[PDB]
Amino acid sequence: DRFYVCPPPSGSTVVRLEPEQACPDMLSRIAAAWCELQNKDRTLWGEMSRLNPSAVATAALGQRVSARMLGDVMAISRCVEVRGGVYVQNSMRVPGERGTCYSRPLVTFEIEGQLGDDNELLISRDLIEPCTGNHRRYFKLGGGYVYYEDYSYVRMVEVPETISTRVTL
Amino acid sequence: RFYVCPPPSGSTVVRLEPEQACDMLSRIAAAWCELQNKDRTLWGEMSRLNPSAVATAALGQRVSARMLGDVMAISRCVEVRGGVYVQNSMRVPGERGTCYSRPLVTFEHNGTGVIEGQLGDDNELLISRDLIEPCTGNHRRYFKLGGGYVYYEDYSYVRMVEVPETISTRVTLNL
Amino acid sequence: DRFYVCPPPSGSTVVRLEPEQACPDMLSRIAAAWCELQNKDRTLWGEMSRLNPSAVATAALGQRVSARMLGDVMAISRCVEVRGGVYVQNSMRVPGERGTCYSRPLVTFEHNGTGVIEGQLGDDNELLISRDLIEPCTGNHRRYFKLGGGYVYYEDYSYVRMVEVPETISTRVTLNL
Numbered sequence: 064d065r066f067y068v069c070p071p072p073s074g075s076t077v078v079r080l081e082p083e084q085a086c087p489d490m491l492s493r494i495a496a497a498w499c500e501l502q503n504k505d506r507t508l509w510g511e512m513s514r515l516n517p518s519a520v521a522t523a524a525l526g527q528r529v530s531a532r533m534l535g536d537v538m539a540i541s542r543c544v545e546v547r548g549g550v551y552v553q554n555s556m557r558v559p560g561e562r563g564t565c566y567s568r569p570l571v572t573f574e581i582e583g584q585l586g587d588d589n590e591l592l593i594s595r596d597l598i599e600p601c602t603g604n605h606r607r608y609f610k611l612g613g614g615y616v617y618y619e620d621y622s623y624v625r626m627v628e629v630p631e632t633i634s635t636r637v638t639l
Numbered sequence: 065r066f067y068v069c070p071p072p073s074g075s076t077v078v079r080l081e082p083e084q085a086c489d490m491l492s493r494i495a496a497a498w499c500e501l502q503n504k505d506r507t508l509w510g511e512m513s514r515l516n517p518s519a520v521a522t523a524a525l526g527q528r529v530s531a532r533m534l535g536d537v538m539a540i541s542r543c544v545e546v547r548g549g550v551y552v553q554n555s556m557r558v559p560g561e562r563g564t565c566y567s568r569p570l571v572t573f574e575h576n577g578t579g580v581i582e583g584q585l586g587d588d589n590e591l592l593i594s595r596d597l598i599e600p601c602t603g604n605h606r607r608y609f610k611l612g613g614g615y616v617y618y619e620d621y622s623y624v625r626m627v628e629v630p631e632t633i634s635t636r637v638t639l640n641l
Numbered sequence: 064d065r066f067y068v069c070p071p072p073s074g075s076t077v078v079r080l081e082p083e084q085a086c087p489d490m491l492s493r494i495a496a497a498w499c500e501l502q503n504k505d506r507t508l509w510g511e512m513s514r515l516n517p518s519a520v521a522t523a524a525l526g527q528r529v530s531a532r533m534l535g536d537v538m539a540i541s542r543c544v545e546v547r548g549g550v551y552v553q554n555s556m557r558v559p560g561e562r563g564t565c566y567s568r569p570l571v572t573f574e575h576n577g578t579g580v581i582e583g584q585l586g587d588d589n590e591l592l593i594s595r596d597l598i599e600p601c602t603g604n605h606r607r608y609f610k611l612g613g614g615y616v617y618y619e620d621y622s623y624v625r626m627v628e629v630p631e632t633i634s635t636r637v638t639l640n641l
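Residue numbers (the authors' numbering), protein chains in the order written: chain B, 64 to 87, 489 to 574, 581 to 639; chain A, 65 to 86, 489 to 641; chain C, 64 to 87, 489 to 641.
Be aware that a few hints might be false.
[Claimed, not checked] Pairs of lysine-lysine residues, derived as DSSO-like cross-links and limited to a Cα-Cα distance of at most 27 Å, are as follows:
1. C:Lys504 / B:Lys610
2. B:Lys610 / A:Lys610
3. B:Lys504 / C:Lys504
4. B:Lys610 / A:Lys504
5. A:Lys504 / C:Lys504
6. C:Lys504 / A:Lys610
7. B:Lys504 / A:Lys610
[Stated by the list, open to error] Short, incomplete list of chain C residues facing chain B, as computed with Cβ under 7 Å:
8. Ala85
9. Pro87
10. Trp509
11. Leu534
12. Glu631
13. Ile633
14. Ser634
15. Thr635
Because the hints were derived from the structure by calculation, they are not lab data. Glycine included, each C-beta is placed from N, C-alpha and C at the ideal position.
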């Protein structure tokens with residue numbers, strides 16, 4: 064899948080989450497339940513907007529967007545594809561400090583940033599954690615995954631095993 | 065509307081209904499069942515951070531709630547009757563650096579008298595004024611207030627606004 | 064329901080949450497929206513999998529598993545039934561320091577792999593071998609923990625009685641056909 068950078072949301076585009084919607489023979493009990501379902505779910509969507517507004521808004525608009533909460537309202541900025549080659553960097557240790565490492569891999573792309587959630591590329595290399603033993607991480611990188619051990623790069627891996635929360639109809 | 069939330073007591077205690085035992491309208495019915503079983507886990511996880519919002523959704527009436535271990539304490543929320551005064555400055559008078567996360571309000575009714583509290587989520591008026599955060603530059607906020615929203619640049623009131631711009635995760639089913 | 068121990072997931076089995084799928489007159493309008501609904505829904509599961517991957521995994525599989533993140537992927541390990549009896553401690557007060565307390569009850573139970581484990585009641589009837597879920601103490605302290613098919617009641621950090629909570633609240637949407 065594609066790489067995006069996410070431009071900071073300005074206080075310009077301000078939107079909110081579509082409120083609960085009023086609700087209206490076996491094609492009719494289904495329609496009302498479907499409505500009541502959608503309404504109730506909005507409470508879950510509400511809670512997520514608080515913490516992960518970006519991901520609530522991408523799902524809502526069907527496009528890659530960045531978001532921040534400015535209180536009780538959302539500030540939307542469109543994301544941009546990175547056509548280039550992206551390159552991951554061997555170490556994940558911070559060259560100026562010991563006992564601190566980047567929590568996610570460093571990359572360079574066409581600038582010196584680091585890998586975010588779901589193939590987002592950041593410019594800010596500032597996701598850091600205290601270092602650990604048995605440090606093992608798999609990071610989604612484009613179509614595949616890249617594996618790290620003791621914060622030193624190891625290999626690109628496939629992860630075929632899959633778990634699902636879909637309901638089959 | 066507006067609401068005050070009394071603190072729930074250990075009087076009536078409830079819990080989330082557990083997962084349930086489960489031609490085309492039959493498979494659909496089955497999927498519908500399973501979907502409810504699966505969503506159940508989403509509701510459970512939220513009920514720990516925000517039991518209130520879980521309860522009110524499940525109840526149909528604005529309620530408040532707290533977790534007592536794995537069980538939930540409830541109280542109905544009182545509907546606010548009367549005018550409201552929104553303060554203009556969200557800076558705490560007591561200290562520099564620290565301010566209010568949401569706008570202060572004064573309103574009044576029921577037992578017993580005028581309350582100096584603050585604006586909560588989803589048009590809940592709080593009594594406790596403790597929603598505190600250190601000051602930041604270029605600090606824009608909006609806060610839901612009744613139907614519309616109240617704008618706030620660098621920690622003080624500007625104007626009343628609106629938001630025609632609606633974003634939906636809702637899914638449509640036109641039968 | 065039944066009790067469960069949960070071995071720590073080594074990265075031996077590592078999984079990912081299955082991606083969204085491309086979506087295909490009145491019956492069609494449904495399966496379409498049903499598919500768009502699962503698609504949308506996946507963002508919620510993506511989120512939860514970040515705080516409680518164990519619960520995301522057990523819902524997915526239909527069995528009690530315990531998970532932990534290793535980056536953007538889930539280490540899975542299948543949980544095992546505990547079958548012997550169980551001793552519940554009366555006092556959720558921690559022995560070492562005043563003011564510090566367990567936030568879930570202490571249990572002792574016996575396993576088949578290892579022997580007697582001095583553990584602790586956890587969510588949805590899981591038994592943990594650790595005894596380190598620790599909050600500070602409080603007055604006015606009332607808790608109800610899920611234990612077997614009932615709930616056990618504690619006041620001021622010490623056992624009281626075996627309650628039942630008949631009272632139920634629900635987010636379910638009924639559909640009758």
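Okay, the hints, checked on the actual structure:
1. C:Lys504 / B:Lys610: Between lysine 504 of chain C and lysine 610 of chain B the Cα gap is close to 20 Å, so the pair holds against 27 Å.
2. B:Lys610 / A:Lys610: Status violated; Cα separation ~37 Å.
3. B:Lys504 / C:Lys504: 14 Å, holds
4. B:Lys610 / A:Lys504: Roughly 26 Å separates the two Cα atoms, so the pair holds.
5. A:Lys504 / C:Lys504: OK: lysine 504 of chain A and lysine 504 of chain C at ~14 Å, within 27 Å.
6. C:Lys504 / A:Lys610: 26 Å, holds
7. B:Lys504 / A:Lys610: 20 Å, holds
8. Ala85: Interface hint status for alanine 85 of chain C: violated (13 Å vs cutoff 7 Å).
9. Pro87: 11 Å, violated
10. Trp509: Cβ of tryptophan 509 of chain C sits 5 Å from chain B, so the hint holds.
11. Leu534: 5 Å, holds
12. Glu631: This hint is violated: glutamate 631 of chain C lies away from chain B, its Cβ roughly 20 Å from the closest one there, beyond 7 Å.
13. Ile633: Interface hint status for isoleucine 633 of chain C: violated (13 Å vs cutoff 7 Å).
14. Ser634: This interface hint is violated because 10 Å lies over the 7 Å limit.
15. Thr635: At about 6 Å, which falls below the 7 Å cut-off, the nearest Cβ of chain B leaves the hint on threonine 635 of chain C intact, so it holds.
Checked against the numbered hints above, the structure breaks hints 2, 8, 9, 12, 13 and 14 and satisfies the rest.
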